[PDB]
Every structure is written in structure tokens, then in C-alpha cells.
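Shown next as C-alpha cells: one chain only, the form solved without ligand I3P.
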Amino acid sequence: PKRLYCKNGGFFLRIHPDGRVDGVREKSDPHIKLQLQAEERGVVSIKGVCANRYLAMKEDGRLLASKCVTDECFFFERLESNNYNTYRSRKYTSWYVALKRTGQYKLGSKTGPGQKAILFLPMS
């Protein structure tokens, strides 16, 4: 059970009970506790412990959290050369999970390698 700290402003990924995803910098927020389940080698599912929902990425780039586990909930997890990890959708292969410098999530379709927004460090 980890927290995912984003290099882009230092927000932690937060999954709310109603399915909304955003970022906050408060380490005691209960909704930033996550479960990263290894689904296959290099692939994980990310679940919000309190929300009881799985992070998912939609065809249009939206990020939200669902009750169901479908193929939109699988992400390839890679440790990059800078020792940060990235989470790229298994279904929408060019898009990454990411947070903006203001704390809101960044649409999948506007992400890509090289942006700080896509870099996260898993913390206990």
C-alpha cells in the first residue's frame, strides 16, 4: 500500500469515492492510499483503498475510477532511466497517467515522454 508522488509539483494521486481523480499535496489524505496490484509482469492495476475503485483510462483521455475492472484498468509500469516510474495505458497505448502542476489530472491525449507530468515515485 503506497502513495504515488508526482514529480510535477509534488502532488500525490488521489482517488475519490465517487470516482473522481485528482492530486493533493497532503500526505495524510486518506484517499491517496493505493494498492498497486501486479497483474502480469510489467503490468499493474491501481486501486484506491478507501474509494474501492480502480483507476481507469477512457478512449478520450479522461482518467476516472470505476467499480469494475475492465481492460481499461491495466497500465504498463516502467522504471525510467531517471528512477521515476511511468504508467501507460495497456489499452490506449500512447497515453500516460499524469498530473498537472495545478493538481488536476492531465488528459491522456496530451501526455508523452519527456513531460514531468507523467513521472511518479511510489512511496510506502
The other form holds:
2 protein chains.
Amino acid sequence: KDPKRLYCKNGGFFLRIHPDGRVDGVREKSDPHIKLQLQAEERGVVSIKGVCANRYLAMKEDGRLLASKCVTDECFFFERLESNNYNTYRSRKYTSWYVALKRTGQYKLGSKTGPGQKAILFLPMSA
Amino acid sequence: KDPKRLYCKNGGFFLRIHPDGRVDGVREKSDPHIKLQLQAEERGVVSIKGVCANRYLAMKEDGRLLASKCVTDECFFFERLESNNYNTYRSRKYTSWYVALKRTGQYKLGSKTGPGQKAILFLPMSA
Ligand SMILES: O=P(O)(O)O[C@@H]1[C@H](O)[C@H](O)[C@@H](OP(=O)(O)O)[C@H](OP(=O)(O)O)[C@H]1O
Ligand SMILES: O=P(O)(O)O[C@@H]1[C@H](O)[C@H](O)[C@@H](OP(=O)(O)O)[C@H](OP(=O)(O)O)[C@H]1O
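Next up, the form solved in complex with ligand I3P in place of the form solved without ligand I3P?
Next comes the full complex, and the chain you just saw is listed first.
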């Protein structure tokens, strides 16, 4: 309900959604574009909206990330709860692929993600 | 200190700064792009920063308004209280021109502004 920041355990980057739809991670907590709004769709399914960008994170058919102005089926992810309050987000459309960030803060392509990676674990935090 | 919205008396529009630098007015409080940050430069001088856009309101030489990624001398305005709790913001660079919004929510060119207009009167409010 409240806004969130998703803190990636793989180097501690907050998942960031830019006004133009680019997706990446940054460490600066005061960054306005890491303020996200998670919305329940079905049980355990969420969309992830950049509040400032007013766009929905989308997993593309080639494993790229791009935030969409309009919701599509590419914008829904399974939220699975994991160890020490960390969540994973798996594309509903491309069911082997996760939202993920590299240790550099560049996001990790879905094709290269998988269970157990540090890259896919995000901790929701307050805003 | 805290973020603010500038509520314009000329039709009740909140001043909005878009990521691409466009400036306009909208009535929806929940619009993420009406969260502004006012920063004092000199006494009674301010810059006006769109928080989500991360850009500074600038008055241009032809009276256009456009939000700057970088601060320049066009980004400073004299903040003066007039009327009944409503402020005016007068360009330091183009000293006869004010920040202003039309009754439609399109912003009014600085060349067409002047003291006593409703278009130039803004009430700072909380965010
Ligand atoms: O390797 P590059 O030159 O950076 O370009 C890659 C991709 O083709 C996109 O152009 C870019 O945006 P999206 O993939 O998000 O659409 C993204 O940038 P980034 O991952 O470095 O942020 C990269 O995945
Ligand atoms: O903005 P949206 O709603 O996400 O829509 C576009 C579309 O979904 C495609 O997947 C892709 O272009 P093509 O597949 O036609 O090449 C592009 O992503 P990309 O540029 O980040 O790869 C997106 O802009």
C-alpha cells in the first residue's frame, strides 16, 4: 500500500525506474526514482510502478527490462518470500526470468537470472 | 526545508514540472510532479526544483518556462508575499516577469505577466 524501495542484496542497490523507462540500480536512498509502488493483482502477483516515472516495470521477450507507461501482461511478477525478509520477483509472462541487478548496478538480463542468485533478492523498505 | 506544492489562485492549479522540462498546472494533488523543492539562495530569493523531474524551474529570455537539469541564473526568483498568504515568484534575470499559470492550466508567458494578476499568485502547501 505505502510506497517502497526494493534494496538488492547483490551490492545494495535500490532498484530505480527512470522517467524514460530505463531500469537500473543506485545506492543513493534519496534518489526520487527508487520510490516504487507495489500493487497486488492476484494472490502473490504484483506489478512494480516507479512513482516518479509513473511507469510499470516490464520484462521484455528478450529478457530486457523496460518500464511501460501502460500496464501489460509483461508487468506482472510472482512475489516469493525468502530468507530474512527478502523477496524475489519472477516474470508471469516469461516464467524462468527474474527482476535482478548486477553487482555494478546495471540490471541483469532475465535470461541470465535464476533461483539462489544474489542478483534476484530484493528487500522492500520504507520510503 | 520540506517539499511543497505551489497552489495557483488562478483556477486552482498546482504548478507541475515534467521530466522532459515542460511546465504546466494540474489540479490532481496526487500527481507526483507537483512535489517541488524551494531552496533559498539569497534572502527572499529561491530556486524551484521539481523533485521527481530533478530539474530547476527556469524563466527563459522570451518569457517561456522550462525546467533545467542544471541550475543557471535563470533559475532564481524573488519570493514575495502579497495578497492573503499567496506568494509571487519574480525572475531575477528578467525582472519584470513572473512565474504564472493561466486559468486553463497552461503556463502564462512571462512577457504577459504583471503585479496583481491572479495568474502570478501561488500558495505554498505541504507535500
Ligand atoms: O549494453 P548497453 O549499451 O548498456 O544497452 C543494453 C540495451 O540494449 C538497452 O539499450 C539499454 O536499455 P534497456 O535494456 O533497459 O532497455 C540497457 O542499458 P543498461 O542495462 O546498461 O542500463 C542495456 O541492457
Ligand atoms: O514501452 P513498452 O511498453 O515496454 O513497449 C516496447 C515493446 O514491449 C518491446 O518489447 C520493445 O520493442 P521491440 O520488441 O519491438 O524491439 C521495447 O523494449 P526495449 O526497447 O527496452 O527492448 C518496448 O519499448
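Definition used throughout: the rigid core is the maximal C-alpha set that superposes within 1.5 Å between two forms. Shifts are known only where both forms have a C-alpha. Residue numbers count along the first chain shown, from 1.
Peer 1: Quick check for you: superpose on the rigid core, then look between these two forms for a C-alpha move of 2 Å or more. Which of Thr70, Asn52, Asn82, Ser94 is it?
Peer 2: Result of the comparison: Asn82.
Peer 1: Rigid core superposed: how many angstrom does the CA of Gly114 shift between these two forms?
Peer 2: Spelling it out: core superposed, C-alpha of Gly114 shifted, distance 1.3 Å.
Peer 1: After superposition on the rigid core, which segments of 3 or more consecutive residues show C-alpha displacements of 2 Å or more between these two forms?
Peer 2: Shifted segment: only 81-83.
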